[PDB]
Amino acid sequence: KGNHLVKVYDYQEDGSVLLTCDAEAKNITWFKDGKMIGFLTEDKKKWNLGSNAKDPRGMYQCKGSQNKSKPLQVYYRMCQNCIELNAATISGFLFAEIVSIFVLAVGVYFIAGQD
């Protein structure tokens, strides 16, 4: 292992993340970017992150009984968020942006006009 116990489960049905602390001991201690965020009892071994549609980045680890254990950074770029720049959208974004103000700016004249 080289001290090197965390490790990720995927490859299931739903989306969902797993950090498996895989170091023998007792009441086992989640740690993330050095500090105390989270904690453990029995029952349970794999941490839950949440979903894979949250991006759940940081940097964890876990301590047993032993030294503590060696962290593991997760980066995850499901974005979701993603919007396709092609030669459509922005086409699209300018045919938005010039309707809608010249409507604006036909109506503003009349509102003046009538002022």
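If you superpose the two forms and keep the largest set of C-alpha atoms that fall within 1.5 Å, you have the rigid core. Residue numbers count along the first chain shown, from 1. What changes on going to the form deposited in another entry:
The only C-alpha among 81, 48, 65, 89 that moves by 2 Å or more between the two forms, given a superposition on the rigid core, is that of 89.
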Second form
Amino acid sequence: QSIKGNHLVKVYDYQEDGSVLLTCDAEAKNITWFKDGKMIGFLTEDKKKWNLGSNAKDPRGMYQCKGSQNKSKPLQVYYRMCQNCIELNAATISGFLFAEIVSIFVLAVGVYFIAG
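To complete the pair, please output the form deposited in another entry; the form deposited in one PDB entry was given just before.
FYI, this one's just the chain on its own, none of its partners or other molecules.
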């Protein structure tokens, strides 16, 4: 991560709200941002960081910033936080089996009675 080498994009993480922010090293007042090549917006002297939203949505992609001189080298961001991963411990499987057997028995009785 060296300025000499055209590496300007940095990640500004670990915030109280969970958002992911990007910072551009360029000193120009207005900075334009690109994601996978296509422009995604621009910022002025008031705002210094680009918001990628919450990290629970797994922000992934390639980002660049350009203020005055040229486009910085792409930075690839990859997130994998398991906001949906499930721990397969004893309690989960026990509850799953209990629910399955109870529901199957109830449905079996219901379809037994209406038979014929």
